[PDB]
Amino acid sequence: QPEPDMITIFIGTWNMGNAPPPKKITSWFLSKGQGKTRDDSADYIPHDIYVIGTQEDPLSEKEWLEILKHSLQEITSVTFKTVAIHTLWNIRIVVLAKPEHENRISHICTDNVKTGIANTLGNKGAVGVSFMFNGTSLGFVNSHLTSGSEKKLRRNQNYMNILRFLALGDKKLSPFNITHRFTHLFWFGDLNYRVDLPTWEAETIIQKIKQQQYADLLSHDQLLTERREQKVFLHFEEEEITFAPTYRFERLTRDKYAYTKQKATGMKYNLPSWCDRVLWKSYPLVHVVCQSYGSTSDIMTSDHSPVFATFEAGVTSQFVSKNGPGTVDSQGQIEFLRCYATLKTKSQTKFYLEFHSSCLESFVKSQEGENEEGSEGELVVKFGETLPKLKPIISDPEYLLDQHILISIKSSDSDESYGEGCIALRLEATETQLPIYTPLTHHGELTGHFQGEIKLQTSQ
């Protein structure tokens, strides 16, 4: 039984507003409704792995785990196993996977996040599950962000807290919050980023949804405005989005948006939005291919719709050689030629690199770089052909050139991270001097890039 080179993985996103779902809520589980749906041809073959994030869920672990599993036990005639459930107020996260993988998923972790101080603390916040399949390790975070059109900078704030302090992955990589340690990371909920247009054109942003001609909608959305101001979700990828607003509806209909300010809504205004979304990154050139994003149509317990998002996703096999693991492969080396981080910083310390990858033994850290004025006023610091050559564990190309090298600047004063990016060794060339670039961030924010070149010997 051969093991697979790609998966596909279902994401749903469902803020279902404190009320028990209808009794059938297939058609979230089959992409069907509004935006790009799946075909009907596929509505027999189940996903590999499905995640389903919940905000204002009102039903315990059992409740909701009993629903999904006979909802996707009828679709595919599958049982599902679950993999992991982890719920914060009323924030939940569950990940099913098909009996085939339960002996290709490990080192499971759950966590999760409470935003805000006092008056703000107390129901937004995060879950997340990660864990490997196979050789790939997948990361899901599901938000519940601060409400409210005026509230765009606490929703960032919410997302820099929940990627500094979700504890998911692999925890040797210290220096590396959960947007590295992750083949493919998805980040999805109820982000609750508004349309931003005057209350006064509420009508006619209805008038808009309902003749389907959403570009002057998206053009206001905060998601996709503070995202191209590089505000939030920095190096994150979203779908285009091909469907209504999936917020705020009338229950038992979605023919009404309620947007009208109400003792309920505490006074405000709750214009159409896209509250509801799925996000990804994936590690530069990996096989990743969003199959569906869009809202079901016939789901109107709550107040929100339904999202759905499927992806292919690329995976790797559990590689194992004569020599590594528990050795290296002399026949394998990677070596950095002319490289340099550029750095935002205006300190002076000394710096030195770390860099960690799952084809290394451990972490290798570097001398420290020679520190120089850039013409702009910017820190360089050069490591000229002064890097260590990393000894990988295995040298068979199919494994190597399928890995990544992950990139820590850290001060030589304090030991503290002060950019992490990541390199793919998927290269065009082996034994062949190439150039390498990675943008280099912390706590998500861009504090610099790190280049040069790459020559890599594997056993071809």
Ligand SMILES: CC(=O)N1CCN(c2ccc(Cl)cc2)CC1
Second form
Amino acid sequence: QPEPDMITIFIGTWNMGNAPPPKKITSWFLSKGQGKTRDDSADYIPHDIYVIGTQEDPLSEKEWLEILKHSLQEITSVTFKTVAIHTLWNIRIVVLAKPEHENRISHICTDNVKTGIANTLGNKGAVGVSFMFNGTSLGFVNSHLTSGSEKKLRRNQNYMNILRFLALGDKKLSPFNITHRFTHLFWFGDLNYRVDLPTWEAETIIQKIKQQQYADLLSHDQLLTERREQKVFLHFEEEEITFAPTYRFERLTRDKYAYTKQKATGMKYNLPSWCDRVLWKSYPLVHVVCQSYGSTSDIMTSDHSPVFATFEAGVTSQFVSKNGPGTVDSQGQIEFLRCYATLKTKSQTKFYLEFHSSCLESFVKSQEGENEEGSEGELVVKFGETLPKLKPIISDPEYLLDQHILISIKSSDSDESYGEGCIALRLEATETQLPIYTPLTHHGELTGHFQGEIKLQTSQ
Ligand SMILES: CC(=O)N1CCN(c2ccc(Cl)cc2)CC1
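Next up, the form solved in complex with the ligand. The previous block was the form deposited without the ligand.
Let us now look at the entire complex, which starts with that chain.
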């Protein structure tokens, strides 16, 4: 049986509004309703992995597992295996996989982050799951962020606390947060970003929704505008939104948005909004294609509609050679030429590089670079031709060109990372000097740039 080079992943996010679901929710797992929907011809074809994120979920893990497994069995005739389930308060993530993937899945991690202090600590945060699928690392985050049109800054803060403190993936990758630990990272949930228009425009907004004219609404979506100003979800992607706002509905219909202020809303308006979202971040030059992004029309127990997204995602096999794993393969090497880091830091310490990759037996520390002043105030750390020669465990190009090198630039004084990035080894040529580039981030904020040239030697 050949190992897959592609899998499909279902992502669901649903704020259940503390109500039990209706008896049928199959439309969710089938990507049927509004937006980018899945072809009817695919309805009996199971996804490889289903990742279900709920918020305001009133169910026990057992009650939800029963409904999810029975739903997928009715659709696919497959009894899915439970990879992981993790609940923080009423925030839940479930990961289900086809039985044939049981022995492809390992290194399962779960964690949660609680956001807010005192007042604001008590019900918002995130749950996450990671695991290996053969040679590919996968991370999944379900977050319920701060509510309210006037709290987009709080939401961005919630996001930064979640990506700093969620402890998923390989702990040996210690300079790296979850935005660098995975081949593919999927971040979804009730992110609670709103359509930022005046309250007096509520009926206009509804009119525009009834005409399926979303352009003028999405131009005011706080998540899109905050992402465009690099305030949140830097280097993440989201499929174009072609479905109606998923919040806030009157329960037991989809014919009405409930937007007016009420005691039950803390006297806040809830203008129709895309609260419920799916974003992703994959390593450079890895196959990932969104095949669906939409909302259901026929699940009305909550004041939110469920959101689905599906993805084709590139995966690799668990590679074994005569040499590595367990030794180096002298026929392989990774060399860096003319490398320099540009950092935004106002500080003056020496810096060195750390290279981390599963193609190395362990992480490599470079010599300190030479600090120079850039022509516009910046710190430029020059490595020149001084960076070590990296010794991959396997030289076969079918393995090595599919790998990535994570880079941290660290203070000699503190050994704290000032930036993190990632370089694909999917080069246009081997044994050829080629340009490489990554932005550098710390706590998911832009801190600099790493560029230079690479020279990759494989066994071919
Ligand atoms: C030794 C042990 O108890 N575990 C628990 C979780 N295991 C698991 C792997 C794949 C799938 Cl689909 C489901 C579950 C592996 C490790």
